[PDB]
Amino acid sequence: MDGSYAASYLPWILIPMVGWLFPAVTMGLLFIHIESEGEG
Amino acid sequence: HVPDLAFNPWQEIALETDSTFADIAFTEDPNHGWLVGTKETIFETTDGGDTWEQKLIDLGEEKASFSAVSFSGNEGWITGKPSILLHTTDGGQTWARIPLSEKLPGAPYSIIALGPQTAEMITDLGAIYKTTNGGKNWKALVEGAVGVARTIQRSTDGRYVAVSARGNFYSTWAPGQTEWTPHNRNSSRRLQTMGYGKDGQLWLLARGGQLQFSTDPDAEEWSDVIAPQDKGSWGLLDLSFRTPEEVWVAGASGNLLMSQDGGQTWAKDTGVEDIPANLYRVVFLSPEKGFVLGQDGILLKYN
Amino acid sequence: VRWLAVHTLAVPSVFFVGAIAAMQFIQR
Amino acid sequence: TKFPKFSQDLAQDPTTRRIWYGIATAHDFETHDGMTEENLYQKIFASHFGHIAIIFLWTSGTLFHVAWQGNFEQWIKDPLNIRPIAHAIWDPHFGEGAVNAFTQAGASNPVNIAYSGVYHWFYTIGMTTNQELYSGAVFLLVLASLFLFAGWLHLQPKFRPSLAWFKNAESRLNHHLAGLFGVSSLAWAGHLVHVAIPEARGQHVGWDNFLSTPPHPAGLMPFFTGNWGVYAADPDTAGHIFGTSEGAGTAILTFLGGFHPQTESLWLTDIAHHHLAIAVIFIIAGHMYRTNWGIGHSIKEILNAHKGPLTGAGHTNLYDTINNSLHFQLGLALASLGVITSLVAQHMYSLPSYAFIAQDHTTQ
Amino acid sequence: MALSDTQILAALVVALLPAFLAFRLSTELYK
Amino acid sequence: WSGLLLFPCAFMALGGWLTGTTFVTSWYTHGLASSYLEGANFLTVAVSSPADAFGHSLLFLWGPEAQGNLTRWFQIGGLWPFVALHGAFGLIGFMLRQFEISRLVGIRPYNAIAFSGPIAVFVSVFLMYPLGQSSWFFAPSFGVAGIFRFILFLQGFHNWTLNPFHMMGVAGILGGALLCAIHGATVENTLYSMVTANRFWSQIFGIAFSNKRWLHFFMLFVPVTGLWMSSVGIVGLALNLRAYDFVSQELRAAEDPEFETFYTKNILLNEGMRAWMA
Amino acid sequence: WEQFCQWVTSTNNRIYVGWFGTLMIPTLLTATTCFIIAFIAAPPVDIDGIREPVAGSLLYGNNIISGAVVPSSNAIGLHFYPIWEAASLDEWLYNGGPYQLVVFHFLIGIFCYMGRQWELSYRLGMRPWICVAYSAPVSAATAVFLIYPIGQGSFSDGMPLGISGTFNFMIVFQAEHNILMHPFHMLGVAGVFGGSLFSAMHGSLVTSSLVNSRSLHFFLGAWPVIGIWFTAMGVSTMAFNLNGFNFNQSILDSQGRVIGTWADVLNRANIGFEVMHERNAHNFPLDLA
Amino acid sequence: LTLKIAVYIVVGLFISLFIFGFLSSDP
Ligand code: CLA
Ligand code: CLA
Ligand code: CLA
Ligand code: CLA
Ligand SMILES: C=Cc1c(C)c2cc3nc(c4c5[nH]c(cc6nc(cc1[nH]2)C(C)=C6CC)c(C)c5C(=O)[C@@H]4C(=O)OC)[C@@H](CCC(=O)OC/C=C(\C)CCC[C@H](C)CCC[C@H](C)CCCC(C)C)[C@@H]3C
Ligand SMILES: CCCCCCCCCCCCCCCCCC(=O)OC[C@H](CO[C@@H]1O[C@H](CO)[C@H](O)[C@H](O)[C@H]1O)OC(=O)CCCCCCCCCCCCCCCCC
Ligand SMILES: CC1=C(/C=C/C(C)=C\C=C\C(C)=C/C=C/C=C(C)/C=C/C=C(C)/C=C/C2=C(C)C(=O)CCC2(C)C)C(C)(C)CCC1
Ligand SMILES: CC1=C(/C=C/C(C)=C/C=C/C(C)=C/C=C/C=C(C)/C=C/C=C(C)/C=C/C2=C(C)CCCC2(C)C)C(C)(C)CCC1
Ligand SMILES: [Fe+2]
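Chains as they are written, first to last, in the deposited numbering: chain i, 1 to 40; chain S, 31 to 333; chain F, 17 to 44; chain b, 3 to 366; chain m, 1 to 31; chain D, 32 to 222, 244 to 330; chain A, 14 to 224, 267 to 344; chain I, 2 to 28.
Each hint should be verified, as a subset may be incorrect.
Stated by the list, open to error - Examples of chain D residues toward chain A, derived with CB under 7 Å: (1) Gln-98; (2) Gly-137; (3) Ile-138; (4) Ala-176; (5) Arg-265; (6) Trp-328.
Said to hold, decoys possible - Computed cross-link-like contacts, EDC-like style, restricted to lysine to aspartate or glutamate with a CA-CA straight-line distance of at most 20 Å: (7) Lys-111/S x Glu-15/A; (8) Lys-133/S x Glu-323/D; (9) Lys-4/b x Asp-5/m.
If you're looking for bench data, these hints aren't it; they were derived computationally from the structure.
C-beta atoms are modelled at their ideal positions from N, C-alpha and C, and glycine is treated no differently.
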């Protein structure tokens, strides 16, 4: 997909990060945090 | 404005000097009293501070500014920067200068006479010496320096508090310690003065006339900020207790204020505000005999 | 050439970023 | 298990209920373990800062995406035919049929069509080029940054407010009525007078030349002398074309009433006098409650005085009840906000303010 | 006229700041 | 030609800096953790200077200070000389690169004479000062915090602010920034179009700009001259301390408790800072 | 009277005045006059409320470098201190009131200088980015001269109007706030460095050609202004006891002992600056005669 | 106190003149 707006390459990388990289990272960190034993 | 006061109990005296006042001391209640100022300004009185005459004393250098004067019974000591220490055993009729040891750490700051032939010596660099030989010898009580300091105050029981050179933090010393305990300031604003109250606790005055009271010996917890001038942001200078309950403070342009409830309410004394000087210290020898020392030879006597 | 001009910087950078990514976890 | 740190009963649960109930009771500060009143209020204050920052970021994003991928500068040239564009579409899962179908509004890529009616709002308040939209977006970003930093700072130990500062009802009411409502509405009336109306009459006014050109040919003289009727003289004619000087008046504060003949919306000068009068009323209202100068009413005395012979105690002790309870205040605020939101809908679908917004039926 | 790509990049750089401030505020609120 | 004489060296310097900032440690050179591996952040990480155990020896890989080993070569701190020397070589390579670009185009080389300032700054701050000092242990580190530490050390040991050369360098830097801002602002104002700006400055500032070439020369010349003088002052500090100390005021204030000057308080700060590290 | 206003707004005067100049000129002239008088012949202004008067006037034994208009006294605090609140002239002179008068009239003057710049720029028919650029030094001056004294709660710790006073103020600021580690002074440093870099590059390019430019000049002029804005905001934040990053003792071992980083050394240097001597238990001479 | 009054009238007349001139800008 492409568009005529300025900086058309920004969605190409920003959308995958907000769709794959960011969700994967935040769910990984949240899963790690919610399972850390002790220090209740 | 600020709440007013019912009266002015401070008799104004305009001494004949341009020096800045440093301290006062008295041997006996009606006997001759002495006051030390800047530029070798020593004044003597005979009627409890009502009449003062300048004692003209000169050394090789005319730049030995006296800082503290401590009199026990009749014995008397005068300490000033750069190093100068006068010791007398006749109330001050004759002054015998004791040449200070060349290994004195920094300049002298304050001295207190513990009794017959004793003197607790304090230097601005943070050295606590003691003599029991009348100046022949000196024994150190702390083996280190707190750095340059703005003010150092002595507790009633013997503790010492020293504010840093800029007010960023402070330090404390208790008897029997070879070091000093440093503490970051317990106020938002930088420290200006820190003193030991008559209650055995500490109090601090930061910039802008903010007054804070500690209610514990460790001084870790502190009460709320107390501003005697709420709207006005004058810089308060000194605090004192006429009674263990009544409080007095001194600031700039004669801003001498008085609190009947330990800082809760401050009433401005308009009687002495007209004085064209910045008051420096308030000393209450007794709940009836008090002196307010300011600039350019201006004194206030308590009636 | 352009091939080296890009690879000499690319081939260590991925190694290094993977290293730092793991160090972001090796901390106790 | 560490999570959730704010509750120990949930932290010792071995099942999956721990995670669900940790998410569920996260923002209920009133029942956390070892929660004090002061800390509760301070956490609420910081969180409210956070919601405000989020709102500003949301508005900035709306503005930015409209300015970037929209057709505002072409929408203004023909608001009755062109469709406003919300944001571009980048869906890798799209086929060719969807790509051809969604290349709408005379664009060159798949694109959405805005139905929030922001184009009408931006046109009505005098924004005519997308550079202004971009500047507004950046300014909103800066404002959100400032509010986030304010929350962080007023969370600090030495800037942490006291409990009594959170229970000063009189001062809060005075400041928020006079300042948050009165002053803000007065500034909005000033914006409409100084910028919006001249832009509606085909005059370009921006930061570069607003300090020079006066909104009226007689500036500030009649206001202080008392000749206010000058500002209401020579209003816009019924043949006025929005955005041009054709058949336009010079009056700034009028009570023309009704609708603009072309845009089918309320007259902007009516908006100006309306918001200005509202600002004056609010500023008078804001000087009602005494704070520390003796003058002013005290809410406790008012409530305890208005006792009734049929209600036994009347509105006695209600001040303490409302001041001590946060749920009471939240309920009152939610009721008021809901009532005025319904009012907003009812009085906006029938009295449109933004230009050409009545024609666009889907957005309405 | 339409925006320039430099404006978009500058907008992202500016938006970096509220991200850092928001992270700080969230970490402070976590305590 | 010489455009390929700096690329390998500059790339090696960059790679060395990147390797040092995340893997090597300053435990055996400064007793500190100065890379990402130990737990340091972006501001803290630094390629620390070599320890004070060798002197001015460069710690070569084939030199007997490391004997070909790599773990030793990193622990001894030879990565700092490696990075600094390769960076200086590449920087002079870019000097010659601008020189040869100007020669090829045929116009007078002015980008090179302007770029000369950074060359002098680098060779003076990072190379000549430690040479004048005892060893590399007092050389500045390749880090954000290391630079600040070096700055504070030079203030404590030299009163570098009171030096005329740093003063005129500060003036040059600030003047360059002011001229840059004013030129950009005036260009986007008149957006020829010089008569309007000239009249605006003649009526505002009185002493307006004679010509745009004159203004361009001035903005070219002020910061490069400031940097050159600052580098010359540092080099002097290495050889002969050029700090005009008013000992008359010092003696006047030593024994007079009623006299004080901000110079006296600066001297107090310097000597206390000296005494602070024993 | 209309002829006077016609001359005032005239774009033909040799040195422009404008309507902002009608208020700019008196304030600037007053500030210059009182600053010169205070620099030459001011009495020793005690600055910390203790018996250590500080002299910053030439007639009292100072050269050009050592001369500095002394800030107000700690006795004043933050209070407004005009002459009529002084019971006589000598107290006002000895309490640093000249400093307050200078700074207030000078701030008014620079604001009016901004106004005059914009007024001439718009009357000459030019889009006024010159004031957008000039706002940065004004913002920095306000932050370091008015915002910081209020945040710190007193006028005593303001920057003295002197070369040595500036250095002392900067060093004490670093000691008490750690400005170097604060991100906004780095933003300002990057701004000024980029300004110098762009100046050198643009001058070289123009002179080498002597016989995208729009956005080029725009960003060239915009980078340092943004940097100065950011550093002024940073100073204003530092005023209310906010500081830079404190990465000290942030790295431990398996047992709990601090390892230490360069930020730790920076903290140690700051502590060394804030107390100009050694620490405790460094063997004071035990016995003195 | 006469100096206070003089300064008051001086600054008041200055600001009043500035605001009066700004509101009747001839060009
Ligand atoms: C909250 C406001 C908001 C929203 C909902 C969107 C929505 C969108 N943006 Mg966008 N954007 C915004 C603000 C916003 N923008 C701002 C302020 C900027 C200026 C920096 C941008 C710059 C921007 C670019 C440059 C691009 C997008 C793109 C997109 C689209 C791809 C999905 C996405 O967001 O990831 C990408 C978007 C970002 C990474 C923007 C960062 C997020 C902003 C700055 C702040 C959001 C914080 C938010 C309040 C957090 C709420 C949390 C909540 C869910 C619990 C999507 C329609 C892409 C697009 O149009 O593809 C066709 C694209 O290339 N945006
Ligand atoms: C396989 C099906 C599929 C998939 C995967 C997508 C994927 C996408 N479509 Mg899409 N689309 C589809 C079918 C699909 N479409 C169909 C059938 C149609 C009808 C023709 C469309 C019509 C369509 C349009 C018209 C548009 C898209 C857009 C998009 C993109 C939006 C990116 C986004 O939402 O990120 C952000 C992700 C979200 C908002 C998801 C959040 C959802 C949860 C519930 C909220 C979070 C809750 C909770 C708090 C989460 C906790 C935190 C979490 C991280 C763990 C994305 C690539 C848009 C686009 O191009 O973007 C610029 C767009 O404008 N699509
Ligand atoms: C003049 C001084 C002043 C001002 C401006 C404010 C302003 C504010 N205070 Mg406040 N406050 C003040 C003094 C002031 N305070 C004092 C003196 C105290 C101590 C007694 C407090 C104590 C205090 C507390 C304890 C709290 C606040 C909060 C707030 C914020 C509320 C958030 C909000 O909805 O605002 C935005 C509101 C408006 C813009 C107006 C409301 C809109 C109404 C309903 C009319 C609708 C307008 C119009 C019809 C629609 C426009 C449509 C358009 C979009 C097209 C707000 C920014 C709260 C907060 O967290 O903020 C950080 C909070 O919890 N204040
Ligand atoms: C490489 C080293 C370096 C560099 C480049 C900088 C760079 C900078 N530092 Mg910094 N600093 C450093 C090391 C460094 N620092 C160190 C090591 C320390 C620790 C001691 C500090 C401590 C420090 C402090 C404490 C402060 C700075 C500030 C600044 C900024 C100066 C802003 C300024 O002057 O206001 C802009 C210029 C003016 C305000 C001048 C007035 C301009 C008006 C409008 C005109 C006046 C005209 C004049 C009166 C007469 C006209 C002349 C003629 C016509 C007659 C600048 C970004 C300051 C800052 O952040 O600024 C807010 C600041 O307060 N630094
Ligand atoms: C603020 C710092 C600063 C930086 C980062 C910088 C950087 C740059 N300016 C250049 C140019 C210039 N600079 C100029 C004037 C100026 N430049 C200045 C200040 C700087 N200039 C100043 C103050 C002036 C005014 C005199 C001119 C006139 C030019 C150019 O013509 C040129 C250009 O066209 O720019 C676009 C480029 C140099 C290319 C080169 O030599 O290739 C060789 C690259 C090498 C050798 C790699 C450098 C490695 C260094 C020396 C050692 C390693 C450093 C570590 C990796 C990083 C350590 C970081 C710590 C501080 C934490 C580069 C983009
Ligand atoms: C400190 C502030 C005090 C300043 C007061 C300044 C007021 C200035 C008035 C000057 C205006 C001159 C024109 C007036 C001449 C007579 C014209 C006339 O009859 O107008 C008649 C105008 C309308 O009549 C015609 O309308 C036509 C419309 O096209 C024309 O265009 C003109 O507007 C007018 O000729 O109507 C009014 O002005 C009626 C009076 C409005 C005044 C308010 C009273 C209405 C009751 C509402 C209650 C409000 C009470 C105030 C409460 C205050 C609460 C805080
Ligand atoms: C004072 C004063 C004087 C001079 C005043 C001068 C010279 C100027 C005054 C300007 C003022 C006082 C205020 C300007 C305010 C602007 C604000 C506050 C903007 C806020 C924007 C928000 C919050 C949201 C923005 C939005 C944008 C950008 C959008 O694009 C979508 C809509 C919306 C979401 C609304 C003098 C001394 C002469 C006389 C006495 C009065
Ligand atoms: C249980 C509870 C609660 C809840 C409840 C609710 C929330 C309620 C709601 C309610 C509502 C929500 C109500 C409403 C009301 C309304 C009204 C009451 C209205 C009125 C109106 C009127 C009266 C009008 C009139 C008129 C007309 C008709 C026309 C002309 C003009 C006028 C204005 C005159 C709370 C939290 C509070 C508290 C606690 C308990
Ligand atoms: Fe140019």
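Hints versus structure:
no. : hint                  : in the structure
1   : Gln-98                : violated (28 Å)
2   : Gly-137               : violated (10 Å)
3   : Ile-138               : holds (5 Å)
4   : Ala-176               : holds (4 Å)
5   : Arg-265               : holds (6 Å)
6   : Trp-328               : holds (4 Å)
7   : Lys-111/S x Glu-15/A  : violated (67 Å)
8   : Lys-133/S x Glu-323/D : holds (18 Å)
9   : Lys-4/b x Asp-5/m     : violated (46 Å)
In summary, the numbered hints that this structure violates are 1, 2, 7, 9.
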